[PDB]
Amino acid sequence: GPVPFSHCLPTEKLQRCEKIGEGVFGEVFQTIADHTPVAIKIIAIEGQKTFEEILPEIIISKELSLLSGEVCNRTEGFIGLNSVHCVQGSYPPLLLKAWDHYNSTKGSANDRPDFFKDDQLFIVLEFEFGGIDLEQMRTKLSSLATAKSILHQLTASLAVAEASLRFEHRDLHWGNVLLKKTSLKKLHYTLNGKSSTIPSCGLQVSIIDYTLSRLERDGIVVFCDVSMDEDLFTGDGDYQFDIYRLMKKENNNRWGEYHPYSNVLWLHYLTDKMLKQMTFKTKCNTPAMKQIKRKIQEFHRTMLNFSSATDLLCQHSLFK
């Protein structure tokens, strides 16, 4: 059967819940469990999305989480999934209070979740805490060396997911790139059996929000069908909203197919943001840093001629 909210969110864990984010159908809370930070996503089911509409996110979250402990195709560059629960009950008042605090400070585009009755079902996905998004870190990164590390981590992570699962993220905006301190000097990945390293520059990247993502295992495709969605393809003001139109154009509005080019489009959007909307604490006023800047500029202007993240990682001069 379903379980009460208290099964997932015992008193002390619930007391420490703060809202950190949201989606069109979701609320994300940060908390502590057994002295360990976690990120909780809570999605209402039936009644808003159906179970069938939520399952893809569950499967994808699961498959990408598994890549951290595989061998031939291995990456930590997406986020650990600790557990999945189907919960029944009205929204916990302590969660409402945390919800309100976020509405008062940042503003929510969601409905205050106070209208749910005690037979309401929810899917509660509990993840490792991945850190703070790249947008919030717009002014806080240290140098363009860091920016290069970040792009290399993203590119590799997508490459491995391409090789393993024929993955497309399909919404990798700078809000979905998390950063977290690591004392590791070098990060490791393995692509089709070949291991390599990336200088961390003190950070570990984690990719999130598989809400539009696509993959497959054994000829079964798991995805979000947005072919009858109109609103997604009629935004602007940011280069983000062009990617949605480019994907739709590249794939002829058939979202089951595999088009890893879409990973390249999103990495280009992120390289653009690195070059145009970030301010680094150290400026590129040394020969070595100017050089790094030039190579990122050269990546920006050439990467769109690569067919996938795999192609970029193996072949692009930025990573050699």
The other form holds:
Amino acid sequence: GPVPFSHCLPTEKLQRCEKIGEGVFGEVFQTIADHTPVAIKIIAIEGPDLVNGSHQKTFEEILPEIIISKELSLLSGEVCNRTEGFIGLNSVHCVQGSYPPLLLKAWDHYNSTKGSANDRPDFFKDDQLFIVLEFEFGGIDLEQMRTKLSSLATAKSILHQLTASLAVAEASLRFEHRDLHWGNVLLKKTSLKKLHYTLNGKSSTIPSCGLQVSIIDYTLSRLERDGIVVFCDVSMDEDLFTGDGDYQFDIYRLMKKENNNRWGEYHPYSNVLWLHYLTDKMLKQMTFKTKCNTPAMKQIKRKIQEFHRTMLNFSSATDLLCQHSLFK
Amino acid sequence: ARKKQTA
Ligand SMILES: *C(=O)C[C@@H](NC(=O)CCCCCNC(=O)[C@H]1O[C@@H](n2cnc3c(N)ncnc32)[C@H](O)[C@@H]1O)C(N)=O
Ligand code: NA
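Output block for the form deposited with its partner chain bound, input the form deposited without its partner chain:
Okay, now the whole complex, with that chain kicking things off.
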């Protein structure tokens, strides 16, 4: 049976909530438990009425994200195909009740400072169900770090980390992320000089440049285990393919072209498309604290430019990681 | 941006 909000958010945890993100169907908060930050994603489910102008999702509709979140989190503890590049999943609960007054307070503070596109979540009744996903706190999204990175050497570590994580997930799970825009890439400081992964039993390292990248958000993602495929069928979606004003919105169309609008199939080229979009952001929209002033830094810039103009001729993140000159 | 927006 469902639990009260108190189960996920005891008082001290609830009292420490700050809102960090939102979308059509959810709210994301940061809080603290045992001296450690975590991120809480809260989705209303199963009700007949509108939230932020759209119908609530059913449990069936959210289940794929729950499943995929868990499978990708478990890659940190695997052997042949091992990566910590996906966000850790701590717990998932089904909760019943009105929205806590303490979360409303957090919601109000975000609306005052950043502005919300969503309704104030104060209208839910005591029978309302929610899914509450608790994750590792992954740092700050790449979009919000547009003006905050040291140099293009950092961008290279970020791209290498992303390619490796995706390669490991391809190998283990026939994974496609399918929505890896720059709000779904998180950066956190790390003291580790290098990060470790294992791809089909071969272990390697990546220089961190002081950052650990985490991938999040699996609403559009696809994977499989023992031939059972978990994915989001967007073949009849009326607006996913009609966006404009950012290369991001072309990627949805280019995915649909690659897969012939058959979303259950495996087309790991979609991971390449997203990595090309990310590289394009690094070269065009990111602005660095230190530019490429030295010949050595101009060289890194040239290698990332070369990656950008060649990577679309690779068939998967695995092909990119194993064969592309950038990662030698 | 989010893939779908409120909106
Ligand atoms: C497709 O239709 C998906 C749909 N999703 C939702 O509406 C559900 C809510 C989406 C929330 C989007 N915003 C974020 O995820 C931002 O919150 C921050 N963030 C998320 N998770 C973390 C973790 N683990 N640690 C730190 N920060 C996190 C981050 O700033 C994200 O960009 C839709 N229409 O979006
Ligand atoms: Na992780």
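Residue numbers count along the first chain shown, from 1. In this text, the rigid core denotes the largest set of C-alpha atoms whose superposition between the two forms falls within 1.5 Å.
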| property | result |
| --- | --- |
| Angstrom displacement of the CA atom of residue 257 between these two forms, core fixed | 0.5 |
| Between these two forms, C-alpha offset at residue 114 (rigid core aligned, Å) | 1.8 |
